[PDB]
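Each chain, letter by letter, is given below.
Protein chains: 4
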Amino acid sequence: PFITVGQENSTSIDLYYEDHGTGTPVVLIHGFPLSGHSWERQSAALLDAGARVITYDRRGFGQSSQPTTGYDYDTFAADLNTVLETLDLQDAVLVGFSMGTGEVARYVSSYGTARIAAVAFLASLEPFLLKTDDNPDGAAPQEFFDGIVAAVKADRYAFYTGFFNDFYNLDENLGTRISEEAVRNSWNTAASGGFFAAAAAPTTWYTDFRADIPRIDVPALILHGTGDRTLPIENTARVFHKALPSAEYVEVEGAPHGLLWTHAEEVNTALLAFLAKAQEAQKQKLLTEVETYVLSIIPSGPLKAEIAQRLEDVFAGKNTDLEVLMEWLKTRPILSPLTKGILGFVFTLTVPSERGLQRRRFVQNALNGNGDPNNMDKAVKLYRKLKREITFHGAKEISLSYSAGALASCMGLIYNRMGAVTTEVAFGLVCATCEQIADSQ
Amino acid sequence: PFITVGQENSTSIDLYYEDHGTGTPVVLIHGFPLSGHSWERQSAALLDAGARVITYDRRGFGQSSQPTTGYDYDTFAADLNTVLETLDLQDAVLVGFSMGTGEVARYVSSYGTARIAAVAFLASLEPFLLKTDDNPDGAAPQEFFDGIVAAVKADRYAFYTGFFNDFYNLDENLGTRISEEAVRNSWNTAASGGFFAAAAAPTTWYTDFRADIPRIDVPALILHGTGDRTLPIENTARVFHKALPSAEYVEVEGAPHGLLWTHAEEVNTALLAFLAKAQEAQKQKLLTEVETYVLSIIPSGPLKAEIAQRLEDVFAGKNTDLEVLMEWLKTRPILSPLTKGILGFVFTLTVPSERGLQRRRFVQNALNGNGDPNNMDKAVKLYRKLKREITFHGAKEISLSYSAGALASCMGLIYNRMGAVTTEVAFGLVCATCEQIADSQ
Amino acid sequence: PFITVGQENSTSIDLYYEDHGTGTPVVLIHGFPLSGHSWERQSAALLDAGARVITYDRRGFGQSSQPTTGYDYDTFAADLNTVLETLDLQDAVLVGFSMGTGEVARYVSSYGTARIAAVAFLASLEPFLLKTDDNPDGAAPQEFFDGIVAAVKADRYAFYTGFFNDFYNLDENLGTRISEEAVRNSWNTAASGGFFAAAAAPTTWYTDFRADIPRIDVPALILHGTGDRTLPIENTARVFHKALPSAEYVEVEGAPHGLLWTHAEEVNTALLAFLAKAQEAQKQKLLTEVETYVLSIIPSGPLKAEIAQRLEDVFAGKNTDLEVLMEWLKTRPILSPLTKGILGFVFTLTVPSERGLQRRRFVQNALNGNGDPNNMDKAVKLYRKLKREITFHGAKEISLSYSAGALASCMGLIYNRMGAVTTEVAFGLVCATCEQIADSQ
Amino acid sequence: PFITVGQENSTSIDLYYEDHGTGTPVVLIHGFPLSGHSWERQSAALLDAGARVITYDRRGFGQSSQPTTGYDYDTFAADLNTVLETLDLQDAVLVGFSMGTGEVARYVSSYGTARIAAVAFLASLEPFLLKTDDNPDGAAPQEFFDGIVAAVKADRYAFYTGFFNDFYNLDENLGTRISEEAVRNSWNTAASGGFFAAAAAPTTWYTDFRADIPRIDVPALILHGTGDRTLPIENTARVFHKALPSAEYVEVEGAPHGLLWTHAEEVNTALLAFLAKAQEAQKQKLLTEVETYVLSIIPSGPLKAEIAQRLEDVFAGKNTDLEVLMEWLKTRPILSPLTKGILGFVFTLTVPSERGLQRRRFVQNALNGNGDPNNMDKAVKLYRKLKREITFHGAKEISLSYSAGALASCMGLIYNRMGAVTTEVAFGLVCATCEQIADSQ
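Protein chains in written order, with this note's numbering: chain A, 199 to 639; chain B, 199 to 639; chain C, 199 to 639; chain D, 199 to 639.
Chain A with its partners taken away, still in its complex shape:
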C-alpha cells in the first residue's frame, strides 16, 4: 500500500505503508537504515494486545520512493502529517525509534496533538546531538557527522556492516539475542534503501529538537538502552528527561541501539504497559461520552438514576445478565418504546457477554423506522458510508445529516445484524440518533 506525499519531477513520491488490526491506532516510525518491517516483534505483540498497527517506510527507505529531495525533519513531519490525515487517524499513539523520534517531536511541535493521545520515544535523538558552545551535552562535533556522510558515500554497502555491528552490539549479542540471519535481513533492508537517502539521512541527525520538547502536550514515554553505542544514553535520553520530567522513563539495562529486536521483551512489555494505560483511559472517555448522549433523551427522575447506574456498571465491566437487563427495560413504564429500543441496543452492544440471547422483539419493533421504505432507503445509504468510518466523531457527524426515522432504521439494521460496523462507529450512530431525538424535545 502507498500514500503519495509529493512530486519529484515527472514522478510522485509515495510512501509504502501497512495497516493491521483493529482498535486504537498505534503508528510506528522506523529508524535508519531500516523500514516499517523492523517493528515486526513489536507489531505482533500490539496486534495480540488488540491495537490497530500502522507502519510506513520513510522516504528513501524500504519500499518507499527514493527521491533526492526532502531529507529534513520538516518534510519528514509533513510526510507523517499526510499519512495521519489520509487515514483520518483519531486518538493515535505515535511511537518513534531512533530517527523516528525526530518525526514524533517535530510533528507534535508544528501540527499539535489534535489526533494524538500519547507519544513514545525509543532510542531518541533528543534533544540535540550536536556538540556546541550552547550545547555542551551534545554527543559529537559537526566533523563527526560529516565523517559518516563521507563514509556512506564511499561505500554504503560495506558501511552498513560496521554500522550494524554497533547498532546491535554484535560483539555481545550475536548468537544470543540476535541471529546471524536476522542481521543479514537488516543489511538486505538497508541495501534496498535509496543511495541518496543513505548519505542524506545522517545530516538530519543533529537537528535541534530543543524548542519542540515544550510542545509535548500529551502523556509521553522515554525509553533507552544503557548499552547504546549509537546514541549515548548520557547525551540523549538522560538530558531529554530533564527537559521533559513529566515523561515516563525507562532504561533498558545493557540494551544496544537495536533494542527492538535484542530486547523486544523488555520493550514490548514496557510499550505494552504504556498502551495499556493509554487504552483504558480512551475506553473510559468513549464510554462516558456515549452515556451523556444516551441520558439526554430520558426524562429526569429516579428511573434516569437506575438507568445511569446500570450503564456505568456495564461500562466498568461488571458482566450483567443481559436477559435480566432487557426484561427490566422492556417492563419500564414512562419510557417511550423508541427510548427502550435505543437503550436495548446500547446494552446488548456494551454488555460483556450476550450469553447467546436472541434479539428482542421490543427492540426490533422499536428500531424498524416504522417499516417506512424511504427511512429504510436512507438507512441503507448511511450504512454504506458508516462502513467507511473508523471513528466515533466521523460516524456521528455523517449520521447527523440523516433524519431520525432513517437513523433508527439504520440502528435496527445493525441490531438485526443485516449489516456490520465497528463498535465506535455504532456508538456514533446511536449518539447522533439521541442527539436528533433530544433536539426534537
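Put simply, identical chains are the same to the list, so a pair is met inside one copy or across any two.
Only pairs whose alpha carbons sit at most 27 Å apart, straight line, appear in this in silico DSS-like list of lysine-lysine:
| hint | residue 1 | residue 2 |
| --- | --- | --- |
| 1 | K481 | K502 |
| 2 | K516 | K528 |
| 3 | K481 | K583 |
| 4 | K475 | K351 |
| 5 | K502 | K483 |
| 6 | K585 | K538 |
| 7 | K440 | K502 |
| 8 | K481 | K516 |
| 9 | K440 | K475 |
| 10 | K329 | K528 |
Treat the hints as calculated values from the structure; they're not laboratory data.
Guided by the hints, dock chains B, C and D onto chain A, whose structure is given.
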C-alpha cells in the same frame, strides 16, 4: 367489516363479515334467522385450536344489507364466491349449518373445489326437503312451506318465538343446555334481520340439491341431531348419507336443530376432530412441496440424502438440536454458501424449538444480497407486498417476479427479523428463490 | 362515525365515536361491558354546561369492531392516542369509568399530558386489583379473575344478567334509581359486544397501574361509590388516593359500581364543579398567556401599569365602558400607533359588551398592513389556515410563520369583520404578532 | 501485475501475478514460504512446450500484500477464484506444490470444475496431516504444528534456515542438485514475505481435505518425492492415492520436498507428458464438439459418411490435399451451397497445410450473407467481440446471439481474411452457425 356483493337500485348490497385468527381458513355459514355471531361457541374452539375463522351474515340477516332481491341458492352461492375471491382463500374449509348447508352444496357444485380442502354439513337441508312423487323421502308438502311464509308475513316477531321453541327444543333444554338469556339474544338477532328476507328465506328451503351432491369432491362431514324437530333426521341427514356414503357421519343423540349451542361440545369436539384430520394433511402437503424446491438446488449425492432425511425428520416433528444442525450445515463441504444460507433459514424456520439460539453469521452473510443497495431496495419492495399475502402460492408467485439477489436479500431481512411475514408466505419466498437459483443451473 | 386504529387480517379495526357540542373537549371512556352511550346522563349535563363531548366504544364493545387481538392496556392506550391525535385535541379532559380509568392512567403515563388539561377517575381499577405478596391491598386472588373468564366463556348472555345485578345493586336500586327497562338496555348493549372481547376483557382488570400514578401531572379527580360491589372502595379508590393525595376525592355514599345512572346527579354535580374549576384555571392561564404577550411590546413604566390593571379587570369580568377604554388608548402618549391598535383589538375582543360601538378609525389605520398588497395577500392566506384552527397554540404556531406586516394586516381583517375566527384562535394571532414585534426590539 | 482480492482497513489486498505465453492456461500455485518465482524451472519448460503460464503470490508471500487476515483455505480458494474469474480462464490446468495443493482441492471442491480441465498435486498436504483418532495416518500431533508457529514467531529469519535444510535435504543435495546461491535466493524470498503470514501459514497445514477429494471431477496427477522430510510420502501421497485411485501417480525416487528445483527434470517430464495427454484429450473433445455441430446440418446418408470420415482424418492429422478436398465438396450433389461453404471453411481451417491455395469462389459466394448490408453490419459487430474472445464456448455463446445471415457473413469475413480470430474462436463461430441452421430444420 363488509364485502360488497351487488347493487340494488341506488344502494350497494354489502355483507357483514369477520376474520379472526391465523392458520387454515374455516368459513362458517349461519342458519335462519340468525347471523355469523351464532357460531360463537364454535369460533372460540377453532381459535384455540389454531385456525383462521371467517364468518359472514347472509344477505337480509344480522348486519348485512337487507335487499328485496336475490333470495335463492344461486345468488347465495354467488355471494359466497365473492367472499372467497375477495379474501383469496386457499385450502379453505366450508362449514354450513341449516340454511348454510345449501351454500356449501351449491358453491361446490357450480364453482368447484379449487379453494376448498374440506366441507361439513351440520343440520342439513339436503338432499331435497320437498315431498313429491319423485321425492318420496321429502320432509313436507309444498303447502307446508307456503304456510311458514304466510306465518312470517303475519307477524315475524311472534313467529320467531314459536320457531326458537322447536329450533331449540326449549321444552327439553331451557335452563339446562340453553339459558333464557341466550334465547333472548337469538330473538333479538332475528328481529334485526330484514322483514323481506324473513318471509323470502323459507321459499329457498325446498331447493333440490340432489344434482349438487355428486359434485362433492373433497372430504366431507355430515352431522345431525337426532332430536331435530326443524329438519327431521330421517328426511335429511339419513338419506343424504346414502347419497354420499363417503361422508363421515355423526348423529348427535337427542340434539335439537340448534345443536351449535345446546351441544356445542359434541359439535366442537367432532368439528375439531374433522379440522384436525384436515389440518395435518394440509401441513404435510405444505412441508413436502417446500422440500422439493429446497432439494432442487442441491447437487445429487449422499449429502443430498443426509439433507433430505433431516428435513423430513424436522417436518415430522422430531425436535432436533438446531445448534447441532446448523454447525453441521456450516461445516458441510461442496454446498455453496448461498445454499447453506437457504438451508440455514429453512431449518430455523421449521425446527420445533430454536432454544434461544442466536442467528448464525454464516447465514446472515449468505443472505445479505451482497450488500447491494438495489437488491436491498427491491427486497424491501417485495417485503411490502409479502405482508399482504396469506398463501404459499400467492407469495411464491409475486416473489418469482424479483431477481435472485433481491430474493436472497429479502430472506435475510426476514431471517434477521427486520420484517415479519406468515410462515406459509415465508415458505413461498424461499421456494421462489430456490426455483430461480435452480433455473440458473 | 369511526376512527381506524389498526388492521386484523383482511379487515381494519375501527372504533365507533361521537363528537358533540363546542367548547373545551371532554373525552368519556366507558366501562365493561357497555359502550359510549352509557355516558348519556353525563353527556347531557356536559352539553348543557357548554363542553365538547367525545365518546367512543372500546374495541370489542358497542359499535366498534370486534377483533380477537389487542386486549391489553397498552393497545387500549394506543387506541385512545390515535383518537386524540386524529381529532387534534388540545387541552382535553379525560374521564374514565371502571375499565376506562385504565386508559386514562396508561395514556398519561406513556404518552404524557401534552393534550391533557385534567383527568378524572370514576369507579377506578387503580392501583392494582391483584392480591399478591407485594400487593396486600389487592381486591382478589388471580383464581378469582380466572373464574370470571371461565364464566363468560360458558355463557356470556346469562353472565351479563348476574353481572348487572352487582353492577347496579339491583336488589337495592331496581324500580328506584334504575328502571327495569334501563337494565334491559344495558344487557342488550353488552350482548352486542364481541364474544371474544367479553372473555378477554376480564384479563386486563388486574393490570398493575402502580407505576403509572406518579406520572399523573395535571389536576385529578377520584370518585367512587361506597356501595361498590364490583370494585371494593377499600382496595381501589381509598388506596389510590393515598398514592395520589393531590387528587380531589369524592365518595358517593352507598352508590353502586354503575353510579353513572343510579347517582347521575351526585356524579354530574362533582364532575361539573370540578370541570368548572379546571375551566376557570384554563381561562386564568389564557389570560396570563395573552396578557404577558401583550405586555411584552409595551415600554416599562407607569403606563404599562395602567394598561396591565385594565387588562386584568376586563379579564376578571368587570364590564368596562369600551368607549371610555378606547378613547383613553387613543389619547395615550408614548405608545406607538401599532401598539395602540393591538391593544384596541384585544380590548374589543375581551370586553364583556361592545355596547354596539362602531369600529375605531385609529385601530383600522393601525392594523392595515400599510395597505401593502403582499402583506394583505399573506394575511388572507393565514386567515384561511386560521379558520381550520381551534386552539390557541395551533393558531399561534402557524401565525409565527408569517411576517409582522402580514400578521397586522390579518388582525385588521378580523377586526374589520372581513373574516371570522374563534376567540382562542384570535388570541393566538395577536400573541404571535406581539411575539414577532417584541423580538424585533 | 496485481489482482485485488479484498480490503484490509484502509488498504486493498492485492496479489502479485504473472501471465506468460499463449496456449492452454496452466496455473501454478507455490508453496511456503516461497513465491510464484519458485516455479521458474517448470515455467521455462511449459513455455517451450507451448502453454500459457500463470503464476501468483499467495497473500502474505513474495510480492503480494501482507495482511493480517484471511489465512485459511476458504479464503485462499476464494483468492484463487478471483484470479480465475478476473482472467476468464477456460479449460485451465491447476498445479499446486505443497501449500498450493490445498488451494487446488478446496477450489475444485467448493467452486467446481467449470473452468478446469485437469489438476496436479505435487508434494501434497492431502488428505489430512493432523494425527487424530479418526485420522491415524496423520503425519503429526497438533502440538507439533503449535511448535512451528512458536518457532517462526521466535525468529522467522533463523527459522527459514533450518526449514530449507529439510525442505531441500541440503545434507544430500547441496553442491549437487541445488547450489548455495539458489538456497540463498530462497531464503531472501522467504525473508521478503510478511511476518504475520509466516506465523499464520503453518496453522493452515492440518486442514482436513478428506471431503474435498471425492469432488475431484477431472483427470488428476499426484506426484511426490520419496525422500520428502517435510511431508512424509506415507502420510500424504500414499494415502491420498488410495482416496483417489483414479489419479495418475508418480513417485520421485529420493526426491526431497523442494523437488521443483532438485529434480526439475523428472518433475517437468511427468508434468509435460501428463499435460500433453490432457491436451490431446482436449483436442479430441474439440474435434467431437466441432464435428458434431458440423455434421448436424448434413442430411443423413452415405455422403454424411464420406464427409465425417474426411473430417476425422484431417483432425487426426493426415495432411490431405485441400485442393482435392475442395473440388470434391464443390462437385457434391444434394449439399446446399451454404452447407458446402461451411465445410469449405472448416476444411481450410483444419487442414495441416493449405499449400498456398487461393480462396475458393464457391465458398466466398456461399459465405457472403447474400451481400446484405445489415447482415454485414452485424457480422462486423460480432467480429469486434470475437477479437476479445479466447475460448470456444465464449465465442460460441456470443455468436448464438446473432442471426444466421450475420453469422455466415462473419464467417466469410474471416474466410476472406478481412479479419482474424484465434482458431478455437473461429470454431465457436462456425459451430454457432451450424447450431442456428440445424435449429431452423
